Amino acid sequence: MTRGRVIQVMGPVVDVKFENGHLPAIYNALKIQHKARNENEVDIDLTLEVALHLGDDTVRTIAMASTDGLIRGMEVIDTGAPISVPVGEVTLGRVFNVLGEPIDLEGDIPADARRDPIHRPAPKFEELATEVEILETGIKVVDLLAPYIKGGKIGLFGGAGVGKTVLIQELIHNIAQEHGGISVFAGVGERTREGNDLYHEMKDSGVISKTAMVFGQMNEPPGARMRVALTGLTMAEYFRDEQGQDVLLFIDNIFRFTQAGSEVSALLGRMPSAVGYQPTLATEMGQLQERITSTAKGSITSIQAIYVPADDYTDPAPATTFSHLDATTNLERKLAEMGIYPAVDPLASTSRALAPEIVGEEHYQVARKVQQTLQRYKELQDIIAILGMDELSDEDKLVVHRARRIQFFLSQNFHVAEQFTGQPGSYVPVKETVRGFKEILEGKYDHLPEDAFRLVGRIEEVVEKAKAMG
Amino acid sequence: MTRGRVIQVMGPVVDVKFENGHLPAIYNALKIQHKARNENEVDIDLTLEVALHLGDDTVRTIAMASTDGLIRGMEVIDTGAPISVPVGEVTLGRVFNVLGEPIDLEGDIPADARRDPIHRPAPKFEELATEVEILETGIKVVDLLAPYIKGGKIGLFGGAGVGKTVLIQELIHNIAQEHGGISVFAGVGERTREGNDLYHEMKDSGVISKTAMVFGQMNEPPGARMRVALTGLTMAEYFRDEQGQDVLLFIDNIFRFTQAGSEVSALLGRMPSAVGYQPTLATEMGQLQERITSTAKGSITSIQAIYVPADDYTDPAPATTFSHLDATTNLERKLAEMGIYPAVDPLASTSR
Amino acid sequence: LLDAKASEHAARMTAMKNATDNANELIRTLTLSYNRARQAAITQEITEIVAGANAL
Amino acid sequence: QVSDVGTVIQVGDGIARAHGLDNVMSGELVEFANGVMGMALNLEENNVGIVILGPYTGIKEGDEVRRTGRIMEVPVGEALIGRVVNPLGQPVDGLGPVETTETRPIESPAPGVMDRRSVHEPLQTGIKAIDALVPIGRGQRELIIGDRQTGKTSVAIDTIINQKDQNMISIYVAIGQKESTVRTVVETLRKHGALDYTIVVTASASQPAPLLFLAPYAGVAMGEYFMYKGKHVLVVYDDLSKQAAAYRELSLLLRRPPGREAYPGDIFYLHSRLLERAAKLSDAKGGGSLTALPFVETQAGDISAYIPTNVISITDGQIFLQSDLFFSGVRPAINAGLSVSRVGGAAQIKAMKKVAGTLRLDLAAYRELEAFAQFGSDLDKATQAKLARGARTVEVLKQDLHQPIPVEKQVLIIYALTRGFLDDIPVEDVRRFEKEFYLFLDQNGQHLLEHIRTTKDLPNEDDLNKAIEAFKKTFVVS
Amino acid sequence: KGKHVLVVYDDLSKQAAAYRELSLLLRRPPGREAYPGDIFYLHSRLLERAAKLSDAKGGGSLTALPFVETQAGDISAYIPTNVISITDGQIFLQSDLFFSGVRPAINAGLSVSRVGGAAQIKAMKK
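Sequences listed follow chains F, E, G, B and C, in order.
Counting from 1, one number per residue, gives the positions in the first sequence under the deposited numbering.
Counting from 1, one number per residue, gives the positions in the second sequence under the deposited numbering.
Counting from 229, one number per residue, gives the positions in the third sequence under the deposited numbering.
Counting from 24, one number per residue, gives the positions in the fourth sequence under the deposited numbering.
Counting from 252, one number per residue, gives the positions in the fifth sequence under the deposited numbering.
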């Protein structure tokens with residue numbers, strides 16, 4: 001009959017006993033629907049996920065919600081399959097929880113809608129792409145200094161209020177516009193206030209019509225805080241594998257996933273690790289990350305925000321996470337206050353693809369020259385104050401001038417910023433931005449005012465802005 | 001019934017098994033008095049304190065003395081109450097161990113004298129005084145720069161040879177002379193020779209006529225080293241409550257109290273806390289300090305000497321102790337080498 | 229020249245005093261970091277020891 | 024041998040284990056024969072793990088444990104205002120029992136994503152520095168972090184007192200405080216008259232660790248009822264660091280594996296589950312609001328510590344108090360670099376908003392003009408004016424104890440400072456100038472005060488300047 | 252068979268972490284940093300198989316180039332020390348030198364070769 005009963009309840013871990021020969025497999029979903037029989041009981045509607053086979057026909061499971069009110073001997077039924085989440089175009093412009101139920105007020109989803117399992121083996125070695133394909137994001141700084149790669153993991157760094165949400169929205173809009181690809185946002189263990197603010201921002205910017213949202217904010221139990229990333233990933237996998245289109249995936253904080261895993265392993269009873277983490281840290285993180293790859297029929301690329309506990313970068317969780325990243329983009333409050341609004345640090349941004357083999361020798365030379373000039377300006381910044389503008393050579397003055405021009409040109413006007421600035425914004429191809437930076441480095445625009453480079457697209461915009469200036 | 005039998009001896013930890021339905025409550029006092037039945041045994045006079053109920057009608061206890069000579073199956077008698085210590089006028093001028101037995105050669109206390117439990121709930125919310133009062137000590141430095149709050153805890157800093165004993169004696173004398181209230185001294189984890197020297201100094205100075213002394217030596221087991229502070233406090237509580245007079249309470253070193261607590265926790269086997277201390281460090285310190293308060297009809301104020309391990313003020317024991325302090329007085333060797341007494345630092349000292 | 233010699237001596241006075249003050253200010257922070265590291269080492273060692281003893 | 028009523032097996036260090044209780048539910052309340060409550064965590068195969076919410080001295084092996092049929096609940100109602108209760112809702116101050124009629128679960132879900140709404144209503148703390156530089160919204164979670172003895176309790180008491188006529192319920196939760204200190208706090212609140220709209224929840228140091236662990240949840244549960252009824256609630260947690268220490272103690276007693284600094288890995292969940300309940304409800308849900316002001320006590324100002332980092336990761340912004348300048352008697356300096364209110368800014372009224380920017384710029388310039396710029400006599404540039412104005416700003420930001428200042432007077436004095444009207448008056452007379460200016464305002468500029476109080480905006484500059492000049496003519500420098 | 256073989260282990264730290272996970276799941280008692288006691292033996296077994304066979308065995312050979320990944324250049328960590336104590340020499344790569352475009356970012360001072368001289372032709376040696 002595949003019907004079991006509860007024998008042990010302890011925290012978020014529940015043990016179930018089954019009839020012999022009908023044990024549910026690992027990662028199966030169990031349902032507990034109960035109606036109170038008197039005034040000394042409470043109604044329970046709970047979902048569990050199988051974790052271990054403890055022997056003696058007993059199965060140890062983790063809870064997807066609070067376990068308050070559970071009573072030993074309660075009836076448990078099994079769904080015969082792992083957690084299933086609706087997929088397809090019905091998920092666009094919608095907010096989902098870990099179970100896939102819609103959180104927003106826009107109604108529920110019909111029962112006939114296709115649902116797919118949470119857990120899936122990683123794509124095989126044969127199906128993967130054979131060579132690196134750079135992803136043209138349309139943003140000057142990113143496409144020049146720290147290019148993004150299809151199927152690659154990008155680590156996003158920076159505090160709050162430095163343009164993280166604006167950059168996320170701009171990336172989503174640009175990808176949906178120029179590649180026809182949707183994005184998926186997974187709010188793994190962060191502030192509900194921030195989640196609501198981002199939802200409203202995307203709603204009134206109009207980007208939400210091409211994205212799906214799953215929220216696993218801090219107040220949720222460890223089971224949800226683990227499986228939210230997986231349900232977002234399995235939402236994106238459908239679009240990768242069926243529509244054959246590129247997809248963006250955003251993870252609000254990957255550190256909360258490993259923290260929830262560490263929290264739940266102790267309840268499971270496994271022996272601890274170096275800093276009390278779960279013994280299965282590396283394999284769990286790898287099982288999560290290995291599904292975000294590129295195949296012959298599209299790709300999924302992910303932007304992941306990272307947190308460090310106690311500012312310890314040698315901690316096992318960041319150490320394990322960092323081995324999967326391919327590029328890093330850093331956001332600087334000093335640049336944000338100066339007012340250039342790609343808000344991204346040009347010197348701290350690194351990428352595995354910044355090599356002449358992948359992006360081309362001319363692109364590599366341009367990037368190296370720009371980096372060297374900016375580094376020279378940063379070094380000069382000391383004598384600029386200590387000795388003043390005096391005692392500088394002609395080369396120093398010229399390089400300061402060129403570096404000021406380059407720094408002002410790195411800024412861009414976004415489609416998102418239109419609603420607050422009036423100007424529409426533009427999409428800059430990689431070849432166009434390489435040509436513009438080549439022209440600036442050659443000195444063809446040493447006569448134009450440096451303020452004509454603010455918030456412009458291609459190189460012609462600078463010329464027109466200079467003409468408007470004078 | 002009243003009788004139990006030892007079933008397990010493991011260092012200073014003794015386990016006793018009673019008959020079902022008559023287990024003693026936690027913190028009760030168990031007495032073992034045995035006489036050598038033949039030449040293969042030795043006489044035993046030992047006191048135990050109940051700590052845990054392990055189930056199966058067994059009880060886990062900690063010993064207040066040496067456990068050598070114990071035999072499995074020896075009879076144990078229960079007192080039905082925690083350790084009881086004599087209180088009142090008879091305690092003045094005497095020296096007591098942790099168990100309340102006099103140490104000096106003055107003579108034992110009659111068995112009909114009133115005795116009070118060691119462990120006691122802290123005074124309730126209603127009983128506390130509503131406003132802060134200042135305890136006038138009569139010393140210019142203290143009364144001006146670092147005033148003492150009635151019912152407050154004062155941290156005393158300084159090594160030997162700088163005037164700690166002289167300051168303590170003068171505080172006792174001034175309080176007794178100008179307020180009529182006695183003081184109590186509790187030498188937790190003291191050096192025996194230093195304790196003897198301090199006792200002789202007080203006897204010569206004549207202070208001892210209006211004070212009570214409790215000593216826990218370093219050769220005593222951790223249970224005694226941990227309960228000496230409590231027995232001193234419960235000695236002072238009688239004068240706080242019944243006589244209704246202000247009392248001083250001196251603790252020789254509270255860090256040794258915390259260390260004894262950590263040692264006994266390690267013996268019991270609890271998982272270690274932050275830097276190896278007991279997990280119950282904060283609640284133990286709270287249960288000790290929260291009884292030193294000011295009530296409607298009296299007050300107890302305490303002067304406590306603090307040792308800082310490795311000169312780390314962020315260490316867990318000093319951090320926990322400092323959260324209860326109301327004022328601080330520091331002694332200075334520079335002021336000592338200069339011609340100034342009581343050599344209290346006027347800048348390092350502070351007061352809420 | 230004599231005034232310049234006096235001036236350079238005073239400048240060396242000030243420079244050395246500033247260097248000593250900076251050294252002391254570095255010492256205090258280094259001691260704080262040392263104490264934190266000592267506590268972390270003690271806690272990790274004790275946790276590992278108790279875990280190993282508990283595994284049996 | 025009916026086994027729906029339990030029997031105790033093991034007792035030690037405040038944790039029990041009982042046999043029986045077949046029908047007990049996880050998280051239920053169980054009452055011992057002694058009359059002491061208890062909460063059941065673990066439902067093992069044969070026995071039940073019970074945490075004792077009281078003195079365990081009277082509990083012996085073989086005692087009887089009875090079910091109550093209720094998940095962890097606290098009494099909530101209007102009658103709870105002005106009382107002092109323990110985390111279980113029992114009165115501690117006396118004055119008879121509390122006649123409530125409703126209860127709420129301790130563990131309750133937080134408001135959802137769709138339920139919340141961005142905050143726009145100011146919370147007037149009544150402190151010049153906070154209200155000018157670091158504003159507080161009515162749904163904001165703002166952390167107040169500092170070392171020991173830096174006046175955090177004084178700040179909390181002033182903030183609570185300032186809510187006298189703002190129709191806002193206040194809750195003060197004291198974790199690990201000394202009972203004498205809590206009693207003095209209650210006394211000063213009664214003296215200032217805040218007991219008409221405040222609730223005090225106490226859990227001293229001598230209490231067992233479970234009560235310390237439960238106190239903040241009881242406080243927020245009491246707040247939630249008023250929040251959902253549509254009112255506005257302010258709740259203050261005295262020491263989440265002490266609460267976390269108590270939870271660590273309990274976890275170590277329950278034989279769980281510890282992590283960094285011996286804390287269990289569940290400490291972040293412990294704090295997030297509590298601080299996620301403070302939110303600004305939307306108009307659909309009712310428009311209520313509950314704001315929290317948690318306190319964290321650091322050692323040597325170590326922000327790198329585990330609990331401070333965890334709490335900072337959760338709250339919207341933090342206010343930093345420095346123990347360096349506490350010795351001067353000034354209310355401890357708000358570290359400008361380390362204090363931020365990301366949610367704030369939208370909360371500030373128009374009057375303070377038009378001047379906070381320039382006040383912040385002046386303070387930043389003065390602070391960056393360190394001691395190195397105060398040496399010598401060659402500073403003849405505008406740096407001398409910068410130093411003078413910075414000294415003026417620092418002197419003005421000083422405040423007395425338990426003297427909240429109305430926002431109108433705060434705006435007026437800050438505008439007077441920023442418009443150069445105090446550049447000539449010496450530093451030592453600034454406080455007397457401010458006090459006499461408040462008296463002069465209350466005597467003559469009642470129209471200005473009413474205009475600000477009504478329209479939440481400044482009056483005419485050409486009129487306010489004349490008012491200031493008239494006061495200056497009336498004033499005399501020492 | 253008399254051939255010559257070159258083997259490159261792309262990461263031994265990952266293998267050590269996997270072994271630690273396996274041992275912990277097997278409920279073996281942990282040692283330093285939760286590592287099992289035989290973590291040194293695990294690498295000694297693998298690396299000691301690389302040898303230059305004598306003339307009687309056939310003259311075959313098998314050279315190995317194990318990889319170890321440090322954390323912020325912490326060469327004093329447990330696994331790096333254990334591996335260094337086993338292999339002949341080591342080649343250290345510097346992140347700072349890698350960033351400046353110096354590929355490879357060989358650190359000549361730290362890098363040593365215990366079979367130096369005999370492994371070079373006469374011209375290169377001189």
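Treat the hints as calculated values from the structure; they're not laboratory data.
Using N, Cα and C, we set each Cβ at its ideal position, and we do this for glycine too.
Mixed in with the good hints, there may be bad ones.
Claimed, not checked - With a straight-line cut-off of 25 angstroms between C-alpha atoms, the simulated DMTMM-like cross-links for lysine to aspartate or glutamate are:
id: 1; chain 1: E; residue 1: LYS124; chain 2: B; residue 2: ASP138
id: 2; chain 1: F; residue 1: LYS369; chain 2: C; residue 2: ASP347
id: 3; chain 1: C; residue 1: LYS265; chain 2: F; residue 2: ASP204
id: 4; chain 1: B; residue 1: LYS214; chain 2: E; residue 2: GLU75
id: 5; chain 1: E; residue 1: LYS124; chain 2: B; residue 2: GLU122
id: 6; chain 1: E; residue 1: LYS124; chain 2: B; residue 2: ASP116
id: 7; chain 1: F; residue 1: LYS203; chain 2: B; residue 2: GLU122
id: 8; chain 1: E; residue 1: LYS150; chain 2: B; residue 2: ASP219
id: 9; chain 1: E; residue 1: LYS334; chain 2: G; residue 2: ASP249
Unchecked claim - Some but not every residue of chain E turned toward chain B, in silico, with C-beta under 8 angstroms:
id: 10; residue: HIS173
id: 11; residue: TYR238
id: 12; residue: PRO279
id: 13; residue: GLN287
id: 14; residue: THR295
id: 15; residue: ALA296
id: 16; residue: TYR307
id: 17; residue: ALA310
Claimed, not checked - Covered by chain B, per the in silico footprint, the following chain F stretches (three or more residues, Cβ under 8 angstroms):
id: 18; stretch: 151-158
id: 19; stretch: 186-194
id: 20; stretch: 346-358
(message) Which constraints among the numbered hints does this structure fail? Numbers only, ascending.
(response) 1, 3, 4, 7, 8, 10, 11, 14, 15, 16, 17, 18, 20
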